[PDB]
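With the sequences and hints as input, model every part of the structure.
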Amino acid sequence: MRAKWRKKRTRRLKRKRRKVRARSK
Amino acid sequence: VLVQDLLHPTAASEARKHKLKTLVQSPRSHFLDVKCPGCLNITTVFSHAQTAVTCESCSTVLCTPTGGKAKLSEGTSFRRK
Amino acid sequence: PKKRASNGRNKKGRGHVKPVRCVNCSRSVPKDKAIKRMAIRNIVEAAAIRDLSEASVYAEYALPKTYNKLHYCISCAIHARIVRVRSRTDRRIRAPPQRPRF
Amino acid sequence: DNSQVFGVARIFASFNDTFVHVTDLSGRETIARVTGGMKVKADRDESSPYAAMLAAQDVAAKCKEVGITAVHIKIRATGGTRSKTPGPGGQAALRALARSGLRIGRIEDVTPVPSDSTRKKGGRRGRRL
Amino acid sequence: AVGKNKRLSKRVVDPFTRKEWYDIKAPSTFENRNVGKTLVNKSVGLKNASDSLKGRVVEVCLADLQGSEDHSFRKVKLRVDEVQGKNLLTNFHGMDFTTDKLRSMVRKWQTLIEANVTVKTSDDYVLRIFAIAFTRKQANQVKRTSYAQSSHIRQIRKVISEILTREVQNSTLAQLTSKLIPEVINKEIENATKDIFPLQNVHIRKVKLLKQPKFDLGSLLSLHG
Amino acid sequence: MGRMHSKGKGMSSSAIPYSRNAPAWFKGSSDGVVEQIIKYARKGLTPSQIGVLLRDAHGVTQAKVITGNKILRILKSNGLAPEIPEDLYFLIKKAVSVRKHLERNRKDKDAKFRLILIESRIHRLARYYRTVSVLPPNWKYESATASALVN
Amino acid sequence: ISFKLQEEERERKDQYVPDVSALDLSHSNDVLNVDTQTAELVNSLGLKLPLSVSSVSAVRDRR
RNA sequence: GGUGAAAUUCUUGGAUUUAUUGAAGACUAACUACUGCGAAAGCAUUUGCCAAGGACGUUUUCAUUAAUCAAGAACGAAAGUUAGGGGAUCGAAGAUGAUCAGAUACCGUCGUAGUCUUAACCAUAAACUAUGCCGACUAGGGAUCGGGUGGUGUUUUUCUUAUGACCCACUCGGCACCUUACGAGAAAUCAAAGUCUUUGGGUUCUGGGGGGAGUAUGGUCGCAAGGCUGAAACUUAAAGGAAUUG
RNA sequence: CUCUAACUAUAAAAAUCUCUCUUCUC
Ligand SMILES: [Mg+2]
Ligand SMILES: [Mg+2]
Ligand SMILES: [Mg+2]
Ligand SMILES: [Mg+2]
Ligand SMILES: [Mg+2]
Ligand SMILES: [Mg+2]
Ligand SMILES: [Mg+2]
Ligand SMILES: [Mg+2]
Ligand SMILES: [Mg+2]
Ligand SMILES: [Mg+2]
Ligand SMILES: [Mg+2]
Ligand SMILES: [Mg+2]
Ligand SMILES: [Mg+2]
Ligand SMILES: [Mg+2]
Ligand SMILES: [Mg+2]
Ligand SMILES: [Mg+2]
Ligand SMILES: [Mg+2]
Ligand SMILES: [Mg+2]
Ligand SMILES: [Mg+2]
Ligand SMILES: [Mg+2]
Ligand SMILES: [Mg+2]
Ligand SMILES: [Zn+2]
Ligand SMILES: [Zn+2]
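Read top to bottom, the protein sequences are chains L, R, X, H, B, E and V.
For what it's worth, my numbering labels the leading residue of the first sequence as -4, then goes sequentially.
For what it's worth, my numbering labels the leading residue of the second sequence as -15, then goes sequentially.
For what it's worth, my numbering labels the leading residue of the third sequence as 4, then goes sequentially.
For what it's worth, my numbering labels the leading residue of the fourth sequence as 2, then goes sequentially.
For what it's worth, my numbering labels the leading residue of the fifth sequence as 114, then goes sequentially.
For what it's worth, my numbering labels the leading residue of the sixth sequence as 2, then goes sequentially.
For what it's worth, my numbering labels the leading residue of the seventh sequence as 338, then goes sequentially.
Don't read these hints as lab results, they were simulated from the structure.
Heads up, a few of these hints could be off.
What the hints assert, rightly or not - For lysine-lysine, the following DSS-like pairs were computed, each having C-alpha atoms within a straight-line distance of at most 30 Å: (1) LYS292(B) x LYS150(B); (2) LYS68(X) x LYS121(H); (3) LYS233(B) x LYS15(X); (4) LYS14(X) x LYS256(B); (5) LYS85(H) x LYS68(X); (6) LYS150(B) x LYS138(B); (7) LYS71(E) x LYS5(R); (8) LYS110(E) x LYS8(E); (9) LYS65(H) x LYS138(B); (10) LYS44(E) x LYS71(E); (11) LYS20(L) x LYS3(L); (12) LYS307(B) x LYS233(B); (13) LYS75(H) x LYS39(X).
Dropping the structure here:
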């Protein structure tokens, strides 16, 4: 939709799921 | 254009054209016979000399290095060799 | 496609140019795409030269000429009308605009 | 000399609220500060040529009262970081100063122009009006 | 904006009535020794008038002090040191062009060379001085531009710095001003540098006075007699 | 117009003429030439400045032209050829000079970059010389052996 | 527009020829002083053609 | 102050101003251009020291030592992360003040980290000329930068030479520019993007319709932000380039 | 075949939109 901001929201999703990874490990 | 004697160009064209670009590479330089007023010895100096050449008899430096031709010492007398 | 050959910068082989602020909207644009004006005008308007002249010591005063360079962003240059959008083959011409006063 | 006591006008004309502040030849002593904003209401026209013109007429009247008859007029735009350009009022202010009897002398421009200082306000993309 | 929220976290009189006048006198270096007038509150003990006077600095165009309009683009500043009574004496304190001329000779297609210098004069006056110089379009040019080489600019700055130091370290401030008014130093600089470039508009800028030895009131008395 | 480690494309060079024999006006002969050259060799001068001095101090066009032989070969025949050839020794001197500059002040990232280029040139030249076996096959330059090899 | 009388007027005023042909080195001070360049051009052409020498002052003042 | 207008904010403890000053930190205006240097990033006060580099000149030095390059390496804007130093300005967050139905956005006044450094990382940009490097040729033209060649040239001036400055002509390289196309391209355009169906100069790297997606997973570098490597299932008849006319 | 000169200063708010696209040979 916007490479900059689609990329940014995907980065936010990645950071949240990495925090979840940290929670599980 | 469209016809030339690349074998026989006009001598003016050769003179103006850059060296390594003539029909055969030919240097534009030459040597100089130089007489220093100190002693009557005549010494041979390359036109685009590089070292501050002095006379073997006495310290009377003849040609001065620079970007172009060595600039002379304002006192000596030169002829083309 | 390429609207201009020069990209409108006039940079073309300089790596990078320092930015200089727009005089109106404070936009930061490279000094080349920083459309320029030399506004040489009198310190007193040409309208009121007479009143200043008659009420002046030092007969025939020099009346200094104020100097300043004006730097616009291109958006201001369109809106503040220093430059106008031109037709296609008219983008070629780079000379001053036909000598305003002659 | 012709018994003229030189004054100094020191006009400051921004995009808003032009200033006419007559000071002595020393500059250290102040005379008749009245500015543009004092002479108009709407605050739309703090810098108007009419606001500047009444302010200049009032400063000229006070110069008559104190006794300063010759004035050294100094134009000082906002300068420095903010737009370096003369305001819309200081010109009418100096016209009024010249008109009101005062004998002008040595107009000069003292607007401070920096040598690349103080990255100015607005951000990078600047005022986005 | 005129209205005030009345924030303040009669006794009205005309303050200029209790303000008297004083006359400005320039040193003997300049030809017109009367400058103008200055308003100071009347001399009452516990902040006398002369208490406030000592330290004042006043800016005046050299065109007025020399009469001729050639100095319409020079501007001297004089410091107030001692008061004689209804008439005060002054000494050189600084010099600068008007901004008009300073912006006048600067154009495109000519590199400008600035040579600054900090020096100590003959007696003790520690000064900073500037020199502004412009490359000249020779009266043979078909080349539209008149730039200069960086090595040449270094040579020009070296020459100007040397001549500035030679002048200033020899003489006092008074003779410095006396030879400065005809800008003979301008001609000397262009003469020394003429073999390198034409170099038009040689000028001396922002003569800034930095330090003075003690008072040397005798010299000030010499400048006013 | 390759210019190994730069975008440059010039052709600043020297074009020796058509003739291979000595010029007619040359009054000298091979024997005096070789004696003079070898005298400069004892004077402790590398063949390059020997060539330029013979070109300016005297009428020597080219040593091959008048003597029939090339300066490096002549010195090898008389056994004064340096055990490290000129060009590699001068590249080593430049490399150690740049190394000294880098050690005495650190942040010169650009100077570090060009030191890397200098080391690359040294590596290629040494590889060629060891292919021709001018230098012993064990010869290797890493950091400090050259710090004495310059002296 | 143009009509018969103007046609004839153009015809007559175009037939006009002056007196001696203005060339023939008659006007402008006997023999057209010219440069050395066309002079030696004529000389290489091999033909006498009277001439007078005047160097053309290579300076190119802005005029 | 400020703005399309205002308001937040400061002020008869006298703020805006007018002068001298002093302070710290920031940056080098105006010169500054279709001008320079460097590998790209990028680099603009002066002086000294340090080494380095391009181009030019060379009748100097060696004689294939060369080009491009998997693997490996050095740099790499800004933003970002550690710590130590600064703390002016400008300032994401925040706090507010307005338009607005909503406006925690644009306009306005404060304003934390960063902006500036010193060490340690990060290695990503529309890092763009969206044109890989090295070769050869092909067309006219002017200019400009650096070097060198000649000038019975011009002013320069120390009576004069000699610098230097220019002017002319020529040459080498560099950023480039204009014209035209006889060639190329789908074209916009191009003097390289030409010398390609008349298809071959040497070369590394990427693409095979668009979404999925630079995402999933596994490695790998990182303190972290994340960087590199990189799919598939499924889905669709298009998405897309340039140009034309409304 | 000869020339190197002056000039001005505007940005209030304006969101949304449903049908249906239907042929060229003497
Ligand atoms: Mg477009
Ligand atoms: Mg532009
Ligand atoms: Mg804001
Ligand atoms: Mg707009
Ligand atoms: Mg106050
Ligand atoms: Mg330059
Ligand atoms: Mg380059
Ligand atoms: Mg600058
Ligand atoms: Mg690799
Ligand atoms: Mg810190
Ligand atoms: Mg609000
Ligand atoms: Mg906010
Ligand atoms: Mg703020
Ligand atoms: Mg940062
Ligand atoms: Mg990328
Ligand atoms: Mg790319
Ligand atoms: Mg690339
Ligand atoms: Mg695909
Ligand atoms: Mg894709
Ligand atoms: Mg993973
Ligand atoms: Mg399209
Ligand atoms: Zn001798
Ligand atoms: Zn703008």
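Each hint tested on the structure:
1. Of the supplied pair hints, the one linking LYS292(B) and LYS150(B) holds, its CA atoms being roughly 28 Å apart against a limit of 30 Å.
2. Of the supplied pair hints, the one linking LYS68(X) and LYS121(H) holds, its CA atoms being roughly 27 Å apart against a limit of 30 Å.
3. Proposed proximity of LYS233(B) and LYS15(X) is contradicted: the alpha carbons are some 49 Å apart, above 30 Å.
4. With a CA separation close to 23 Å, the supplied pair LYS14(X) and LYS256(B) stays within the 30 Å bound.
5. Using a Cα cut-off of 30 Å, the hinted pair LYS85(H) and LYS68(X) holds, with the two alpha carbons roughly 15 Å apart.
6. Between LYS150(B) and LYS138(B), the direct Cα distance comes to roughly 10 Å. Compliance with the 30 Å bound is thereby established for this hinted pair.
7. This hinted pair checks out: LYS71(E) and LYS5(R) have alpha carbons roughly 27 Å apart, not beyond 30 Å.
8. As the CA atoms of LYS110(E) and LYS8(E) are separated by approximately 20 Å, the hinted pair is consistent with the 30 Å bound.
9. As the CA atoms of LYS65(H) and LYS138(B) are separated by approximately 25 Å, the hinted pair is consistent with the 30 Å bound.
10. Proximity of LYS44(E) to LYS71(E) is assessed by CA-CA distance (about 19 Å); at most 30 Å being required, the pair is judged to hold.
11. Of the pairs offered as hints, the one joining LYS20(L) and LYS3(L) holds, with about 25 Å between alpha carbons and a cut-off of 30 Å not exceeded.
12. For the hint linking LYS307(B) to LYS233(B), the alpha-carbon distance of about 28 Å falls within 30 Å, and the restraint holds.
13. A hinted pair counts as satisfied when its Cα atoms are at most 30 Å apart, and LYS75(H) with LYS39(X) qualifies at roughly 27 Å.
Violation of the numbered hints given earlier is confined to hint 3; every other hint is satisfied by the structure.
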